[PDB]
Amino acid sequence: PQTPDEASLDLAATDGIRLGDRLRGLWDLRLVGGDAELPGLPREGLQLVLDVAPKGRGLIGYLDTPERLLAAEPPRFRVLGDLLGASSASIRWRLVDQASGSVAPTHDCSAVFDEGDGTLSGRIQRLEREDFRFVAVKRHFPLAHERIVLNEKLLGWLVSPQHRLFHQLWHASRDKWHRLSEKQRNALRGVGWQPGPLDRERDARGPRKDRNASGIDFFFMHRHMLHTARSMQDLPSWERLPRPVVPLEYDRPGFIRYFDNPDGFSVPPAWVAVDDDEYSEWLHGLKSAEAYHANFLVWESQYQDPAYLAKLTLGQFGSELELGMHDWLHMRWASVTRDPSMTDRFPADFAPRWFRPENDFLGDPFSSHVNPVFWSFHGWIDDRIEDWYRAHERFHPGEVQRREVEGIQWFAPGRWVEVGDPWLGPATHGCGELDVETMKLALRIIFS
């Protein structure tokens, strides 16, 4: 059996990619056994930071006290391994004594992974020349609500059944319209919950979505939610999109901070859906740095470029942005769904547990508005409407005009504003505050 003739670029495949994901981050480390000590270091209160590149097979990291890992000077021990032949059963790295003035390894680590949490555990050996063991427990990735706090009144408004159900139904109706039957459509029209004008509805996802002015509804509605919300708390826009985590090799203290989610804007790591590799791969892609540089940075550019925006009506712009960038902002800062203590909540499951403040899942409009990060990017989305106005004031002077609609700064109809009646639901368009049971009912019509 012949050895290779040359090297080829051997990027990590799925198993490797996923193992790296389980390794990557900050771990709490204890030494254990009779002869278990590292020079300069206690046996408890240690930490282990590990990194692996997005498609990398190398494994790097550091081992010192927490305060020393955030420090400027070199950490006492450095990690160098690789993942060839690695799995949850065997993961090996070497330790380099960085005080010693030699890069020759001083230790041989071997580990077993169990179970963003997890456990690494195994044996160490002094290579110089015995019962030497360690146990490392991965720190949880902090959630946004643990880092941005929404005040008593605001949260009350967000978590409430009036609002959750409004938000869910508002999307469900416009989102599903083009696939709903004439029987279902009449059921909704009759109960005042059709998307927009009766018999001239503005479906969000059908073949003429760009032109039918559904874009305006999207932009306007969330502006109205922004005004209401901003009257109860200072919810500033992001001005720039968060950049992906600075890799461990270039800025070690910055990497560690990131996994503490200091500002709530760290990207929660991707989760694996069981039996759904299409979905696991899709979410992984959109949360990656490749996505930031291929898609998100482009959107950040396009939607502050006058020449780009000046080609577009308000409703064309709204459609493009809701369907591309907006749906991806949600799932990129999405954290895995939780309980009162698996798989996502079914659309019609109105169990009391699903109404808690603990439920802020960004993937579902019944919950997404509760997540703090929501307000930063809907904030950012909303400010781009102003860029778009300026774009037209430059290229098409006085061809869109400012105007107050439903107590909100907006824009008169014109060549670049297709409609003057934005859809806030029944208040503005019902021809049969809001009834909770009417909403529950309309959602049932929509989901079979």
Given for the second form:
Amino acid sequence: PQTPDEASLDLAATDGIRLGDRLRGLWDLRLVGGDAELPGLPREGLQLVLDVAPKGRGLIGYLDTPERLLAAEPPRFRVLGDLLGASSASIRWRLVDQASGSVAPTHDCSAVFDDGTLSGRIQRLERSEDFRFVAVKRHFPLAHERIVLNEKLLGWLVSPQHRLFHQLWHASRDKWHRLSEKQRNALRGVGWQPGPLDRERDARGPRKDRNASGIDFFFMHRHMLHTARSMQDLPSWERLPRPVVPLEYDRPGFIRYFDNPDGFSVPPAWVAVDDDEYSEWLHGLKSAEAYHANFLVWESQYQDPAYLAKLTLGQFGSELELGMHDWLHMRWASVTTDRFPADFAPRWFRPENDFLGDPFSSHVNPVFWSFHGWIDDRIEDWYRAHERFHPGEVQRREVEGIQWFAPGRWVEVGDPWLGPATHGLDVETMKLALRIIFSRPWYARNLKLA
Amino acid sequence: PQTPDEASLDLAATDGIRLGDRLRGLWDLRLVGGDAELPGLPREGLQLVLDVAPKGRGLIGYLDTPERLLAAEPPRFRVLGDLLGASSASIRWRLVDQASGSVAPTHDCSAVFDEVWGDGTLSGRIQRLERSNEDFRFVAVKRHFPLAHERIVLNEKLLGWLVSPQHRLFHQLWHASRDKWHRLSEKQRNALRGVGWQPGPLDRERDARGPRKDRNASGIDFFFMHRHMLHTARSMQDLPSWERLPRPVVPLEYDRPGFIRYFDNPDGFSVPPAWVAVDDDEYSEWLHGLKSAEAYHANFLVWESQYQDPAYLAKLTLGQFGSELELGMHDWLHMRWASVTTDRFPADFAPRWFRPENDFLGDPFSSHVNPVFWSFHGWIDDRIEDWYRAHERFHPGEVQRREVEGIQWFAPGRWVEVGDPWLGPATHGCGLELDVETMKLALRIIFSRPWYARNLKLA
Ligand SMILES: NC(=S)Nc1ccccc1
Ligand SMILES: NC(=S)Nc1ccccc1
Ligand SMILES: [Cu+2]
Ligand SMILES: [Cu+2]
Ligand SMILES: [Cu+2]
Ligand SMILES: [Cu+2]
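Same protein, different form: I have the form solved without N-phenylthiourea (URS), so give me the form deposited with N-phenylthiourea (URS) bound.
Let's see the whole complex now, leading with the same chain.
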């Protein structure tokens, strides 16, 4: 059986990528057995930090005390491994004693899986032993464990009135293009048609860019921000959070990231069982490649005077909702089996349900307010932009107590849709409208691979 | 026409990868025109640092004095742009005034890119966004990527040995004979047996690239000759091994001073950026790949691991390891640290090709002249030690040390297929210092993309 003639670029395939994702991050570690000792280190309260490049086959990391992995000087032990033919059943790496002035490995580690638990064996290489270890991968903390929404704001956000309102508001305009004339007349009869009667602004139909649906998108969220901000200080993201710094370049910055210290760390992609298309899609929008290919591209375009100045507010809103907005939700989504849109079991109403993937829960997420603020601030760049390329042709005006814009060349309509209040407990009306409409999570429904 | 229904992962295609490559790095910059001034900044002696992710469509960077771009505190101006619809005709970015405590753009920049025939030219007009007709222009020359010899200096004595016709022709011919052996006619082979240039023992030659290359002990010849070349080289200059393979460049986003340094190649070990070969997209994609950070993480780090893993090494005879390391990592280490040089043909012996300038890592006629060659061959050599230790662990005594042709080596055994390593005619010549004209002749018998590009495959 002949050996290879040459090397080829050998990027991790699915199994390597997912195994790397299981490994990547910070692990609590203890040594076990009568022979189990590393020189100058306790047997317990150790930590193991591991990293693998998005398509890496190589495994790096460090093994020291928690205060030392966070410290400036080199950790006592460095991990060097690789993941060739490695899986849940065999994971091998060497340790290097960085205090010994040699990179020659001092230990051969092997580990097995039984957010994940490694049971492992170490062999001293100076020997030709009962030396095991147990490693428990640390919790990736949820935004709610790090940005506290106060009792007043949270009470409003989790209320049935508000959960159902946010869902129905999205659902009516999202589905309108596909709804039968019988469905449309039902919604009209209970005041939940998306915008002006017999002239509705479907968000997802063939004319979505030109019908002014985009203005509804910007306005409703500006209105929601205005209310939320009256009860609590919720500053906008100035800049989109950068992907995690690789372990090789800033070991302490890499480790802090996994503590989600500001609530803005990207929660790791989860494997959706029996849906590989969903699994790849999610993996990609949560990736560093996606930041540089899509997210940074939006950050630049939507602060480019020449780019914004080519668009009506309607066109701008439609573009930003259809692209950046579903991607902001799933990129910052931590894990929920997804609630069916017309299921009003009491448990779905509890403060714990803050799933970014569903407008029923999305607004309960602290991170929702940070990127909706960034979105809302882009409306000011678009106005500055028209004020540059088209002075006077866009005019300010107050609408429903909210600073806004009068109709014009660049503002297709002046009656923005907030549901029945602008264009018409009875929480029951909204249940009935959701049921009429409905007869993978919400922000995963339009997924497309490249 | 209909707007998209959804976003999709929109990775850079070839033209956008290549543009980002032309943009990436440190540029010397001047402002020019009547109204051309940036707050707190001189008109001349400015630098512009750009980065784009390997498949990134976004453009980031900074504009301040050279001292400030290396400083801890934030640069005065920050670049944000994207390359959608961009080309050599139109690159656009906004500037952000980091002293302003606003991220709203203060300036709109429009640029044209020219190849040179510095390392490219960026030029065009800047508009103050505060203003509701100004002469505001700039020119940015990209700084040259410094070559390894401009950084690590091989001393007069050593340089003389390396550039000599004797040594260049030895190196090319030693590879060519064993690399081509399995393709050569019986007539070409007898001719080479004729001048004592057959690869190893007469009528039992160890071809390096034939179907039994892993099991015919060719591996030992590979390891032994480089070890022999290392001992000689090291007698004339301290040439320490790499302990660890250099990491890819730290992205600008995470370490701005580290990114800028990398492009000065300050230790001679920075990865010279890829060049486009005309009419050869297969070769251009290949070279781009093995210079990529993906390659580091996909292949180089894996080799770094495998060849220091006792359990991996202990499965292998010295010659299995030789064949395996040469055919994968060795040819890839050359071309990853290869800087730009038409490439010299094997049979062309023009004086100009002998100049010390000719240190191209892609051709054994020149590779040994590159300083970086001695760093990675020292590293290869050092893994022979990991391989010995590995056998002392799993097979104690089953491998024994032994001095051979003056060199600390290894006695033939279960795990050392042969005791007669091939240095050339000195050790195996049975024909009918080395003669230069005999070497030229041998190369003509064998030769009836650069050398280390000849066995490229894509995935
Ligand atoms: N960890 C995840 S979400 N898995 C995955 C699935 C397909 C492709 C790449 C990665
Ligand atoms: N700069 C180079 S070598 N070009 C290139 C070619 C194909 C794919 C990616 C990049
Ligand atoms: Cu939203
Ligand atoms: Cu919403
Ligand atoms: Cu070589
Ligand atoms: Cu060589």
